[PDB]
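Here's a solo chain for you in structure tokens, the form deposited in one PDB entry.
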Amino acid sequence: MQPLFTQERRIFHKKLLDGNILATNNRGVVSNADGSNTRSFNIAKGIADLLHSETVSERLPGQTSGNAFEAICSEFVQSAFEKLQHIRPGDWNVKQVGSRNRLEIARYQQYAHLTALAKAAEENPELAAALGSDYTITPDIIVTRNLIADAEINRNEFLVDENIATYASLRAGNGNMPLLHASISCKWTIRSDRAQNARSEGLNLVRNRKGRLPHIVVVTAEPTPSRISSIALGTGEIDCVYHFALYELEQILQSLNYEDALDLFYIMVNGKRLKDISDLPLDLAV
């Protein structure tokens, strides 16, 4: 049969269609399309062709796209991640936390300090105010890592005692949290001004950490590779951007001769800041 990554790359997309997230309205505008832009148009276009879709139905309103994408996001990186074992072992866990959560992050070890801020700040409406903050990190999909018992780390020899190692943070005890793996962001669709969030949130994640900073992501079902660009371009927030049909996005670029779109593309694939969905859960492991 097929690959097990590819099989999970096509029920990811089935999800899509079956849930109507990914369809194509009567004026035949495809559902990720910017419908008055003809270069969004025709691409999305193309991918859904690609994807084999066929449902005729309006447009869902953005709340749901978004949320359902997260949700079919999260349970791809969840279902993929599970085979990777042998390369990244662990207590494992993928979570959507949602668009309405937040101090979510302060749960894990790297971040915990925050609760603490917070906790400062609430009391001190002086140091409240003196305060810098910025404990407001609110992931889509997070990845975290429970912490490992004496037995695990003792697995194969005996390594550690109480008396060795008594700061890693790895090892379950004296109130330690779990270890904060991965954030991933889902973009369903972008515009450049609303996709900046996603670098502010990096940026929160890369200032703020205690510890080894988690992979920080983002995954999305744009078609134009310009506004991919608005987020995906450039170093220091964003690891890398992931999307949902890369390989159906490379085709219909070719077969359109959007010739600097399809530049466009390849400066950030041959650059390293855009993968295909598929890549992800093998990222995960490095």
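Residue numbers count along the first chain shown, from 1. We call the rigid core the largest set of C-alpha positions that still match within 1.5 Å between the two forms. First, how it differs from the form deposited in another entry.
- When both forms sit on the same rigid core, the CA shifts between these two forms reach 2 angstroms or more only at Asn101 out of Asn101, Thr115, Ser79, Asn146.
- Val206: CA moves less than 2 Å between these two forms after rigid-core fitting.
- In the core-superposed comparison between these two forms, the C-alpha atom of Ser192 has shifted by less than 2 angstroms.
- Core-superposed comparison between these two forms: the CA of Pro125 exceeds or equals a 2 Å shift.
Give me the form deposited in another entry now, not the form deposited in one PDB entry.
Here we give the lone chain, stripped of any partners or molecules.
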């Protein structure tokens, strides 16, 4: 009897395999590997073997794997988090955003004022130069919480009426919007330069919030500890990073005796900067 989160984790991997997102080409290179690097090549191959990947196909265009990885991550989060309603109740929505959504975050309570800022800037110069446009934050995946009725708040006891706790964020109707619960950034693979946009997006969420900061996490299928470390090490922007196949990564590093990579892997794991994709749903329930 495999527990349900183990079953969900396997379903997550299976979607990556069935869609040929994770596969091997005819030159033996696994699709999340950097073929110019011996350790990346071998680590990725070991992980794919542990995942029972058998398909041989050409590496998909990066735009395709990028988008598909976001979608599959979203489905896994939605399905697993749904089972935690008893430890973190709520009317939750999980969705892949899509760069098409400029100001999508302004539809949520903690960032609704960005609409007013944007509207004011579209009429004022150094307002625009000073405020910027990055505040136009667009997470890859977001988890949101819908507001609740007074009868839900009062389900067991008469706690509130219309003249008390009148600005509480959870109360529906104050002309109020849903709450942003989490920003989940996805990276199929990593290069240390381009991975830093997870930090700038995290800082924008920190700097502009009105209310509690959403969870800010990164999920990645990057095989190398060194590249993972470019976003996982350090604190202040990113809450934690989650690897798509942590157990398998650990097993391959141990098997091949890649001592330095192993040392770095444990610095991140023991240092609470890196976890497995299966840890994410429960971490979203704190």
